[PDB]
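Undergrad: One-letter residues, chain by chain:
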Amino acid sequence: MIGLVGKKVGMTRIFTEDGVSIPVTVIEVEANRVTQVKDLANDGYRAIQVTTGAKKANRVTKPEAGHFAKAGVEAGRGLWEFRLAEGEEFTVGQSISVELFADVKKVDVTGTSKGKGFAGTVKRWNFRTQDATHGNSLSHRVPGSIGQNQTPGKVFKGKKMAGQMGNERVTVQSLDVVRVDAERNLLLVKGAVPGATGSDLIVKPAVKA
Amino acid sequence: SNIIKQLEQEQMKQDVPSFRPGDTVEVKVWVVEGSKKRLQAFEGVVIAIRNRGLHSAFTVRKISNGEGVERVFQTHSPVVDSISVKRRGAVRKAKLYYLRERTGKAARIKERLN
Amino acid sequence: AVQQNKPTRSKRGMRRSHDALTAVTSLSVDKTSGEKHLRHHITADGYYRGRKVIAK
Amino acid sequence: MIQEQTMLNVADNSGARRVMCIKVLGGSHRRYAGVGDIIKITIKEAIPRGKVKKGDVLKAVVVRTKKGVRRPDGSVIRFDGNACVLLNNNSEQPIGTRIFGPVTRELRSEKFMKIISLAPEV
Amino acid sequence: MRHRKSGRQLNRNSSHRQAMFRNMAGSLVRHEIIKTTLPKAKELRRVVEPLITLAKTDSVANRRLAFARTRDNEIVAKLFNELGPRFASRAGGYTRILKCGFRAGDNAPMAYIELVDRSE
RNA sequence: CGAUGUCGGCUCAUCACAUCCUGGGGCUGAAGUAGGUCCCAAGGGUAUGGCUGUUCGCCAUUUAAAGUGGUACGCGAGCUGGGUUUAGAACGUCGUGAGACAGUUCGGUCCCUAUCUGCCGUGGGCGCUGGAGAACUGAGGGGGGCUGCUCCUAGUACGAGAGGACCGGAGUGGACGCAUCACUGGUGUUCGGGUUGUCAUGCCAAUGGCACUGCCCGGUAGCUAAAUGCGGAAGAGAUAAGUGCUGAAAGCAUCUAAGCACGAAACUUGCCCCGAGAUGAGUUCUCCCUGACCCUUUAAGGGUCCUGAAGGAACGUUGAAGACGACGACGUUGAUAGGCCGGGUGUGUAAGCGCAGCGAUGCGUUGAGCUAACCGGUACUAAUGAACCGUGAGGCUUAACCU
RNA sequence: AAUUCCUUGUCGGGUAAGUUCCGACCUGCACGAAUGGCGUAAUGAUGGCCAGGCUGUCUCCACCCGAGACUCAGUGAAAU
RNA sequence: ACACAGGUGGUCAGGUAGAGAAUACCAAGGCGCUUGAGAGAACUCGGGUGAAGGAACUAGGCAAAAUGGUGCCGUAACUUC
RNA sequence: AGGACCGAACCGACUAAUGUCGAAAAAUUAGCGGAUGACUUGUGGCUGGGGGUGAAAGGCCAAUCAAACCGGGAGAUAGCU
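Chains as they are written, first to last, in full-length UniProt numbering: chain V, 1 to 209; chain S, 2 to 115; chain R, 2 to 57; chain E, 1 to 122; chain U, 1 to 120.
Please keep in mind that the hints were generated in silico from the structure rather than gathered at the bench. For every residue, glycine included, the Cβ atom is placed at its ideal position computed from N, Cα and C. Please note that the accuracy of each hint is not assured.
As the list claims (entries may be wrong) - When the alpha-carbon atoms are kept at most 25 Å apart in a straight line, the in silico PhoX-like pairs for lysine-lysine are as follows: (1) R/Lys57 / U/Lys56; (2) E/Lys66 / S/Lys29; (3) R/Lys53 / U/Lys40; (4) R/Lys57 / V/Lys154; (5) V/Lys114 / S/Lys6; (6) U/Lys35 / R/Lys53.
Stated by the list, open to error - Over the 12 Å line for every Cβ pair with chain S, so calculated as not near, a few chain V residues: (7) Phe15; (8) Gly117; (9) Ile146.
Stated by the list, open to error - Label pairs and their in silico Cβ distance ranges: (10) R/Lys37 / U/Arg64: 47 to 55 Å; (11) S/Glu34 / E/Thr97: 36 to 44 Å; (12) U/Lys35 / R/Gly51: 17 to 25 Å; (13) E/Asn90 / S/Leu40: 39 to 47 Å; (14) U/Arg90 / V/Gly115: 21 to 29 Å.
The whole structure should be built from the sequences, with the hints applied where relevant.
TA: The structure is reproduced here in structure tokens:
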């Protein structure tokens, strides 16, 4: 169904009665409120647009201010858009709670990965290193040969090399939900979600089964 | 932060005796033999204590029938029942890792007695 | 390691197209004295935000 | 972690003092064995009147690791000095009568029932 | 990658920068104002400020820690008698950073760091 | 031949299909299991060692399998130099001899800062038809695609027995990939302590410097794996080999010529990501500008004065963002950073003083004293009021609705 | 065998497995007696092989401290 | 060829610890080596540490690690004793 | 007593890394071998190009060696580019 945007606040564990230690991750979902609803009559695809949190008045600009104004919504940080599914119609001003996950089993967390920075070939594509000694000169960690000889006479598009690793959108699929605390607005999901402590997180039900 | 602290507090049991590194502690834990909730005892010397609130754990070392068997315990797990103390020890070091080489006689420690 | 054919003026020129130095573009005036100084820096006479912090 | 070229201490009344794991068994290109795996070993040192001798090739089963195993609560059980129990090459059936030292809970996999019913601890 | 790893290296040995701020703190507490390089100034606040806080409670033990650092009986004498009283209520930052200009020989961003005083 | 550096290993690959496994079929000297062979199929996977310079191969033990080949028998401006083609030396052998030998034997310099093409990353400019901030559709492109074992089905079908399924379902593993520090751990020369030698602070006491952090013991945060979660699919469409149904040509027969239906990890989707420079430059929402004049070859013209907005850039504090640019937060209507307060964590009973002891030292005060990057708070200092860029209602033709 | 091509000769020991190593067989392609033969304690920055120890050599690398690499300012090459 | 990590003979030679003119730290005396300031990526160089395993690496244990001192006890085959 | 042993100065140059348009037309750092002798070194003489010297590699003779260097026969000749 529809997605739900939240914030990532550390991770701990939950001891069950049997003694199984389940590692959870605390995703605080403030209160996602619907900003705009798109239809076939104007855009060709049914989708909703949400926002969350709060932003300082002198930080949100007039373009954004006018937008939130026609929805009767308090300005929040960022905006997100979720694809609807054949029939689950909402409306502007509708306050989506965290209650929508009180029944589902598996969810999918999607968020900006912890940016490792400009990583080498070993750190990124898992290239096995060369001999640390036995005469090996000036090539303890380098990638080594990256192509064939004259016949190709180029380097194929897709060749793994040293580049920017991390700081991109990564989706971990099918994570078991553990507890859905209504009051405190916490969403305990099993395992480790992506992203640094305090980034955004698009949480939505398991697309596959 | 604040919210993560509350989820740690409501799980943390509040009845664990204070024990210092070097205390001959007897720890009783549960075990499942199919369908029998049996209580197994475990004697030993507490080597190191790692305090992290909810995630705290202490390490116990026992000289079994010929093999030095070490084991840790996630302090606040329902799998652990008692942290009954026997000998209040006293050694001038927080972590007792040197007891992994010491054997028999030279592997003992003094009592606190105060 | 080595070049093959000498690059023309075309490349030489265009290679310098991004090394164009950027001007200061702004010089805030002093609240009290009326001198000019960079943002968040002191003046020639040690005044700053209308205060003789250097006194030298 | 027990892998190729690893000295172990035989934990049973079978006749071998020290063994060496020649190849971890169970899957292709597998790095190492662990908790209750099966490893093909050779015997590097035996006792005079043993049931085996220096140079035999027979399967075994690791019961004690220096690395230790992990229970499903976050508890680790680290022994001291790796150890294994010798088996009968064709059928599991452990070759010894007594089994020195302790063993761990993961030996409850039907084809080792005999082993735990003989070990002193756990 | 230094994610959430505060503290600066400043192109010197471990030994060197420890001993280096020792000398700089001496200079600062004796002259109340120094014309130094900015990155150092940013880092100097993480040494001279704890010293003034550590001097807010006069004792014998505190003098030792104040001496264990800065190694000088005159700098410690400048503290505990001047700066102890003089602040006693500034529950926070004791020094001010003032970016000045650029050093003429190497184009290094210089800055003034001085105590929140000298209005006498 | 005014130089194209060759064997093997290492690293990294990439394609073909004559297919080694996995997938789908035919036939059988196919009962079942397990096989022989042929057809279709290149999505993915496709050992670790001992020996030799080895390729090859033998042997040991695995595995679902240890594929055959192209690519300068891939790859030295990436590595190694063992081998092989430099000088030394020796044995055998041939030569009277200098020396020779696809006869073997010890020893033996591997150079190059990257302009262009390519590639992995990340930006500056302009374009996109008035300017600006946001959020998406998706043309198109890439990643991912492997599988054992046990158990149920059932010791049923099959079979004289011994043995022993197809199909379908459940659970747990190996390899590989993605992601993350809560756990177990590694590091942690910025935290704490033990201690040898010496020097210095006038000396004792206490601390500091130096000796690879002096040597060591632990260790927060980060980072990370050996640690922990997760992923391959299911399903849908059109098909290959093949199985068909109906049915002529050809009274019959026949999968095909008309027509209809099944059919695989390949193909196209479904899963994840990049993505409107997709110059075919897309769509929606919101916001801002609705001042007068002269000159002229009167044209989407030039120029003056007055206004310069939305927003941007700039500067500053900086960030789990980072090579530099960028991107994210914040600029006192403030919690962005440093400090400070309190707590946490680490180390472990500070110093001083008292007592005991001849003395080292112990005991008490004392789980103290000190504490990095952490957590929750507080403006105490530093993020100044303004300046700078960008405008002044946005061309022409045509049509439909309003007038 | 520093010599043996055919050859990794055959046999025995070491090894889970040994084209090298060690002991022996004689079919010495083409050993052999001062262009010296066979032994040999001592010694070798000598060759080949095995064993204990210990280790990031490796399975498989992770962190960390420094000098460059990187940006700003100054001087300013070279092969081609 | 240079204000170059090179080469060049003789003499004096202090305090602590040490067997010492080794080495560690200092006195007398002389210097901080003629580019600096930041950032704290890959990768290279010189280094520190490391779970489990311990030559499985490879041409080969090359390199690293490790052993290391004084006093006493004790010490084989073989041999020109 | 010793072409004895362990080890600095001093002399030598085996391994590896760096450097290979370097700091240097063969060096640095970490280890290495000899170190009372056939040693090492200062100063000053002797030998000479088909000759010197050589614990013999065709090594060395001014970074040059299977015949040095400088000038002269000399514009050697060149079926070759």
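Undergrad: Name the hints, by number, that the structure is in violation of.
TA: Violated hints: 1, 4, 7, 11 and 14; rest satisfied.
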